[PDB]
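Using the sequences plus the hints, can you model the full thing?
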Amino acid sequence: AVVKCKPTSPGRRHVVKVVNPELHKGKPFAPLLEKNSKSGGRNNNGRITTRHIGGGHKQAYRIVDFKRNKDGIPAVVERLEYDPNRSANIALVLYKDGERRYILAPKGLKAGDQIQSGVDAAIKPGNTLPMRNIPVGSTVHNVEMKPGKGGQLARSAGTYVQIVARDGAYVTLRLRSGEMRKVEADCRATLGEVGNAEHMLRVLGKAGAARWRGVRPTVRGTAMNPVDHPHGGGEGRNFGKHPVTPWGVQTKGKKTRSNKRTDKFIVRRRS
Amino acid sequence: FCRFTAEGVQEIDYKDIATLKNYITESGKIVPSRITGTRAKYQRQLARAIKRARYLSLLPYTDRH
Amino acid sequence: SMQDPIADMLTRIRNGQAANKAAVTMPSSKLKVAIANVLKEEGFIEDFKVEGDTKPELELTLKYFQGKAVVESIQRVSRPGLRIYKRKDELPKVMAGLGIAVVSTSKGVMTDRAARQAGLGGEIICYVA
Amino acid sequence: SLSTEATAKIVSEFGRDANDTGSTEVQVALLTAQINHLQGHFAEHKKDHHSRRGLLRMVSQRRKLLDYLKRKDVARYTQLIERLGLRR
Amino acid sequence: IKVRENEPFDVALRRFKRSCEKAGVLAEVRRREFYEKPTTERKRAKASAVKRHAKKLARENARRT
Amino acid sequence: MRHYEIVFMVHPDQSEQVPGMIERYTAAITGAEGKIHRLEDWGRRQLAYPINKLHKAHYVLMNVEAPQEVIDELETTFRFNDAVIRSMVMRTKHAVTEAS
RNA sequence: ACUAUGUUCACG
RNA sequence: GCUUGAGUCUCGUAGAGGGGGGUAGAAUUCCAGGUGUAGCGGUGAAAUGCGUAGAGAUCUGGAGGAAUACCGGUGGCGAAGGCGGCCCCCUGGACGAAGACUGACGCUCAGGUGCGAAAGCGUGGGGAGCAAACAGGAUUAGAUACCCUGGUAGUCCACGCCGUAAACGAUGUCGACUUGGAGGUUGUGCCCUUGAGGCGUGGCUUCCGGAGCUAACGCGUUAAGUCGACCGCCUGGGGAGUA
Ligand SMILES: [Mg+2]
Ligand SMILES: [Mg+2]
Ligand SMILES: [Mg+2]
Ligand SMILES: [Mg+2]
Ligand SMILES: [Mg+2]
Ligand SMILES: [Mg+2]
Ligand SMILES: [Mg+2]
Ligand SMILES: [Mg+2]
Ligand SMILES: [Mg+2]
Ligand SMILES: [Mg+2]
Ligand SMILES: [Mg+2]
Ligand SMILES: [Mg+2]
Ligand SMILES: [Mg+2]
Ligand SMILES: [Mg+2]
Ligand SMILES: [Mg+2]
Ligand SMILES: [Mg+2]
Ligand SMILES: [Mg+2]
Ligand SMILES: [Mg+2]
Ligand SMILES: [Mg+2]
Ligand SMILES: [Mg+2]
Ligand SMILES: [Mg+2]
Ligand SMILES: [Mg+2]
Ligand SMILES: [Mg+2]
Ligand SMILES: [Mg+2]
Ligand SMILES: [Mg+2]
Ligand SMILES: [Mg+2]
Ligand SMILES: [Mg+2]
Ligand SMILES: [Mg+2]
Ligand SMILES: [Mg+2]
Ligand SMILES: [Mg+2]
Ligand SMILES: [Mg+2]
Ligand SMILES: [Mg+2]
Ligand SMILES: [Mg+2]
Ligand SMILES: [Mg+2]
Ligand SMILES: [Mg+2]
Ligand SMILES: [Mg+2]
Ligand SMILES: [Mg+2]
Ligand SMILES: [Mg+2]
Ligand SMILES: [Mg+2]
Ligand SMILES: [Mg+2]
Ligand SMILES: [Mg+2]
Ligand SMILES: [Mg+2]
Ligand SMILES: [Mg+2]
Ligand SMILES: [Mg+2]
Ligand SMILES: [Mg+2]
Ligand SMILES: [Mg+2]
Ligand SMILES: [Mg+2]
Ligand SMILES: [Mg+2]
Ligand SMILES: [Mg+2]
Ligand SMILES: [Mg+2]
Ligand SMILES: [Mg+2]
Ligand SMILES: [Mg+2]
Ligand SMILES: [Mg+2]
Ligand SMILES: [Mg+2]
Ligand SMILES: [Mg+2]
Ligand SMILES: [Mg+2]
Ligand SMILES: [Mg+2]
Ligand SMILES: [Mg+2]
Ligand SMILES: [Mg+2]
Ligand SMILES: [Mg+2]
Ligand SMILES: [Mg+2]
Ligand SMILES: [Mg+2]
Ligand SMILES: [Mg+2]
Ligand SMILES: [Mg+2]
Ligand SMILES: [Mg+2]
Ligand SMILES: [Mg+2]
Ligand SMILES: [Mg+2]
Ligand SMILES: [Mg+2]
Ligand SMILES: [Mg+2]
Ligand SMILES: [Mg+2]
Ligand SMILES: [Mg+2]
Ligand SMILES: [Mg+2]
Ligand SMILES: [Mg+2]
Ligand SMILES: [Mg+2]
Ligand SMILES: [Mg+2]
Ligand SMILES: [Mg+2]
Ligand SMILES: [Mg+2]
Ligand SMILES: [Mg+2]
Ligand SMILES: [Mg+2]
Ligand SMILES: [Mg+2]
Ligand SMILES: [Mg+2]
Ligand SMILES: [Mg+2]
Ligand SMILES: [Mg+2]
Ligand SMILES: [Mg+2]
Ligand SMILES: [Mg+2]
Ligand SMILES: [Mg+2]
Ligand SMILES: [Mg+2]
Ligand SMILES: [Mg+2]
Ligand SMILES: [Mg+2]
Ligand SMILES: [Mg+2]
Ligand SMILES: [Mg+2]
Ligand SMILES: [Mg+2]
Ligand SMILES: [Mg+2]
Ligand SMILES: [Mg+2]
Ligand SMILES: [Mg+2]
Ligand SMILES: [Mg+2]
Ligand SMILES: [Mg+2]
Ligand SMILES: [Mg+2]
Ligand SMILES: [Mg+2]
Ligand SMILES: [Mg+2]
Ligand SMILES: [Mg+2]
Ligand SMILES: [Mg+2]
Ligand SMILES: [Mg+2]
Ligand SMILES: [Mg+2]
Ligand SMILES: [Mg+2]
Ligand SMILES: [Mg+2]
Ligand SMILES: [Mg+2]
Ligand SMILES: [Mg+2]
Ligand SMILES: [Mg+2]
Ligand SMILES: [Mg+2]
Ligand SMILES: [Mg+2]
Ligand SMILES: [Mg+2]
Ligand SMILES: [Mg+2]
Ligand SMILES: [Mg+2]
Ligand SMILES: [Mg+2]
Ligand SMILES: [Mg+2]
Ligand SMILES: [Mg+2]
Ligand SMILES: [Mg+2]
Ligand SMILES: [Mg+2]
Ligand SMILES: [Mg+2]
Ligand SMILES: [Mg+2]
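For the record, the sequence lines run as chains C, r, h, o, u and f. For the first sequence, PDB author numbering gives the first residue as 1, with consecutive numbering after it. For the second sequence, PDB author numbering gives the first residue as 9, with consecutive numbering after it. For the third sequence, PDB author numbering gives the first residue as 1, with consecutive numbering after it. For the fourth sequence, PDB author numbering gives the first residue as 1, with consecutive numbering after it. For the fifth sequence, PDB author numbering gives the first residue as 3, with consecutive numbering after it. For the sixth sequence, PDB author numbering gives the first residue as 1, with consecutive numbering after it.
Be aware that one or more of the hints could be misleading.
What the hints assert, rightly or not - Pairwise CB distance ranges (calculated): (1) f:80 - C:209: 43 to 49 Å; (2) f:80 - o:45: 24 to 30 Å; (3) h:83 - o:7: 44 to 50 Å; (4) u:47 - o:48: 33 to 39 Å; (5) C:67 - f:80: 23 to 29 Å.
Worth flagging that the hints you see were computed from the coordinates, not collected in a lab. Each residue gets a CB set at the ideal place from its N, CA and C atoms; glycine is no exception.
Below is the structure:
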């Protein structure tokens, strides 16, 4: 459920929690975990390339399986786990042979359900297939952009691609943006919708909730001096210049798409 | 004229279209009761059977297809 | 939903007389036979019976003198919503003593005229003009 | 909906025989049987307000029979509730 | 609707159209018929019908015509 | 438990498969208590209008008694199958015979 | 197609 | 104690009763392309608007969303609000048939609870058409309108809130009783189905009328007639269903 917290303190007042009752309460499966040290937004050169990131809670990386390499092998969903490295939840899948892997939990899924993947299989939520084999006009997620790769598109909580059309070797997909992209039919896609759709109704409530998610404070250009940001200076709340990034490029309606290579695949741009 | 027959009763079925095509006009529309007789009960069974026959493309919805 | 059976009897009589009807069937009772006989004894009704064993149906036979009916008017006084018990001296006289008021007294059901002389009052059931 | 076998099972157990099927003991059990079947229906659906009016008829109807049965006889009233699981 | 009229004829004669649709497509689904207004304007077309039909029985008056 | 009347239509080129299709749909139902009362393969009958831009669909009428689990499993095998162009599943009112 | 207004009390 | 009230059981019939999930066809809109050559659009009459960048018209393929032509009626169902393509899933009631059972278990109901059109409101979607606001063009003495071209909230779905309408038969709920006629609709029994018959007895329902009632209009076995039970409400108009 989406439970609103009672106003016992200012900072608590506005908090809205997404309390999933079906998640596991305990330590995760270690073999799939590994360390994930933080950058703080800095790179090779030790310089802030991405602003406003740094701090937060320490969090380990779960090796989630996007490829779904196991063909013609059934797999029982053992337990749904919380993932700090992701918007969506994950499911500890135990394959019939012996292996265990983490996968993104679709919407219709619980501890006990069985999933199969490969070439044949059945058309059901969670069952990964080649997009050729999937019926046209169906809800998919964890969609590959290249055959044999992991899975790029629709991985966030409540996110899903819809297969619009199927032109021979190619499949026209309508993405969550509204962009209609043409991908290869040999590429795979996990059926259904990505779970944890309540995620968006979470509201943090306090400053520190953003700080313990690893975000840092965003200072407005207008607040700065002219030397710092193009917006800057003025003796008491001035502006009078067109909105811009700290590096002068115009924000607020200014197309930065310039790939050129992959412009053939885009059937129609978003709107 | 009226219904099926004197000792008919029966039920208006969608599968048969020979006797059923009499009750629709040339355009494809269902003909009303005030033109073809029929009790209100059998007109409703008919109207349903036309719509089921239309789903299976046994009868047409119209004549602009 | 059928709270007063006695009022219902007196409507069937009243409406039967309006319709110019000969006989008036209804479900019987102890108090129904007592009132019906008092109406008969003075002379509003011309004979009655109580035909039935398991489910008795008391049918009256209404009286007519001219084209006009005999029972000019008949109404419930001591209805169940408001019971009306009158004292010996306070007993009414319907139409200045040429119509009767059926009164349930301690010595059985009787008319208002007989109640005065007998020396007792009671529940005044219905005025009959 | 209550099938033929479901009613006939309750009728030939609480009452005297399959012949007897109108007792307050029987009547209340048939309502309790349907009311408990309808809980699974109103678990989801929820917006089915028209069927709820048919249920709340059955509920109130059952209370009128039990309140009758209590005033009529305290012995068989208390014994019926222990078996059906009412009172709550 | 699909009217050929053999070969020597021409002169339109397509009452098939005029006694089937036209009024249904046009003076009905042209502008907004406010849900309630049909229930009003039908029930007055319906009340006006039996008004005439009941009068037609009592139309045989003296006349002297 | 319940009687039904399945009337599905199949694509022309896959009408050779229909003999095979019927044997699988019979085997699903005939095992679970209720028997099929009357089959009747209609044949490659003309369409009143073009469905999916084609004419002549291969009609098949089963008419069968089954529980709700088996019939809804058969209902899903029509949607997840490109060969079958449409179908409908009617209700009870006893078994029947003849009529076309 | 659009197309406004007629001061107050009275006389019957 | 009893059985006619009330309720249960059997068996069928009808129905846009309800909730959830599918899918069908016509159309509209936009999207891409073919054809094609000046208009189209609209109106009382015009103009704003779209069009030589090739529109309109016409064709082909696609995406969407919402609504279900004809059947469809003084037809049906629902307590009221209300409810219409077709199909399954679960589901409430209604009516009839002849029995068996229970044995007055009933009728009303202040407080109280539940549902309750449309418009609103919150949150997340969705958005073709339509369309408050808004803009432009006409109209006009003026035109914050009516008419025209655009067009956002809304209208659609999931989950809550709102709690009102000329929520109207302007007619409280239950029961008894009192001449008729013409229909519709759904039953069920008896003879010959001896040919789309008839002859009966139940529900729901539209219209016209008798006595009676009514200020009159009208109502009239579904009373506003004749009575009973209980509830709600009324007490001149404005102030005011306001403070
Ligand atoms: Mg490790
Ligand atoms: Mg890194
Ligand atoms: Mg380095
Ligand atoms: Mg270095
Ligand atoms: Mg940056
Ligand atoms: Mg940032
Ligand atoms: Mg992070
Ligand atoms: Mg910020
Ligand atoms: Mg800031
Ligand atoms: Mg900022
Ligand atoms: Mg500052
Ligand atoms: Mg400063
Ligand atoms: Mg700097
Ligand atoms: Mg600068
Ligand atoms: Mg300064
Ligand atoms: Mg300064
Ligand atoms: Mg400053
Ligand atoms: Mg200043
Ligand atoms: Mg300035
Ligand atoms: Mg700059
Ligand atoms: Mg006696
Ligand atoms: Mg007896
Ligand atoms: Mg006796
Ligand atoms: Mg308790
Ligand atoms: Mg409890
Ligand atoms: Mg208790
Ligand atoms: Mg408890
Ligand atoms: Mg209406
Ligand atoms: Mg003036
Ligand atoms: Mg007895
Ligand atoms: Mg009885
Ligand atoms: Mg009864
Ligand atoms: Mg029953
Ligand atoms: Mg039944
Ligand atoms: Mg039915
Ligand atoms: Mg039926
Ligand atoms: Mg229905
Ligand atoms: Mg329905
Ligand atoms: Mg429904
Ligand atoms: Mg829904
Ligand atoms: Mg529905
Ligand atoms: Mg279509
Ligand atoms: Mg558009
Ligand atoms: Mg073109
Ligand atoms: Mg050209
Ligand atoms: Mg001009
Ligand atoms: Mg011009
Ligand atoms: Mg031009
Ligand atoms: Mg050109
Ligand atoms: Mg064009
Ligand atoms: Mg065009
Ligand atoms: Mg769109
Ligand atoms: Mg109606
Ligand atoms: Mg009704
Ligand atoms: Mg009703
Ligand atoms: Mg319908
Ligand atoms: Mg629909
Ligand atoms: Mg049901
Ligand atoms: Mg019922
Ligand atoms: Mg008995
Ligand atoms: Mg007894
Ligand atoms: Mg007995
Ligand atoms: Mg009060
Ligand atoms: Mg109240
Ligand atoms: Mg409410
Ligand atoms: Mg609304
Ligand atoms: Mg809203
Ligand atoms: Mg707001
Ligand atoms: Mg909210
Ligand atoms: Mg949105
Ligand atoms: Mg919104
Ligand atoms: Mg939006
Ligand atoms: Mg829009
Ligand atoms: Mg949108
Ligand atoms: Mg418009
Ligand atoms: Mg307008
Ligand atoms: Mg506004
Ligand atoms: Mg303006
Ligand atoms: Mg003027
Ligand atoms: Mg001027
Ligand atoms: Mg002007
Ligand atoms: Mg203006
Ligand atoms: Mg204007
Ligand atoms: Mg607002
Ligand atoms: Mg819906
Ligand atoms: Mg909604
Ligand atoms: Mg509320
Ligand atoms: Mg009100
Ligand atoms: Mg209304
Ligand atoms: Mg009305
Ligand atoms: Mg009414
Ligand atoms: Mg009122
Ligand atoms: Mg009322
Ligand atoms: Mg009430
Ligand atoms: Mg009540
Ligand atoms: Mg009455
Ligand atoms: Mg009669
Ligand atoms: Mg009659
Ligand atoms: Mg009749
Ligand atoms: Mg009648
Ligand atoms: Mg006859
Ligand atoms: Mg009747
Ligand atoms: Mg009427
Ligand atoms: Mg009336
Ligand atoms: Mg009238
Ligand atoms: Mg009348
Ligand atoms: Mg009558
Ligand atoms: Mg009569
Ligand atoms: Mg009548
Ligand atoms: Mg009668
Ligand atoms: Mg009657
Ligand atoms: Mg009545
Ligand atoms: Mg009647
Ligand atoms: Mg009355
Ligand atoms: Mg009056
Ligand atoms: Mg009051
Ligand atoms: Mg008051
Ligand atoms: Mg006053
Ligand atoms: Mg008040
Ligand atoms: Mg108000
Ligand atoms: Mg107020």
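The hints, checked one at a time:
{"no.": "1", "hint": "f:80 - C:209: 43 to 49 Å", "verdict": "44 Å, holds"}
{"no.": "2", "hint": "f:80 - o:45: 24 to 30 Å", "verdict": "27 Å, holds"}
{"no.": "3", "hint": "h:83 - o:7: 44 to 50 Å", "verdict": "46 Å, holds"}
{"no.": "4", "hint": "u:47 - o:48: 33 to 39 Å", "verdict": "38 Å, holds"}
{"no.": "5", "hint": "C:67 - f:80: 23 to 29 Å", "verdict": "25 Å, holds"}
Of the numbered hints stated above, none is contradicted by the structure.
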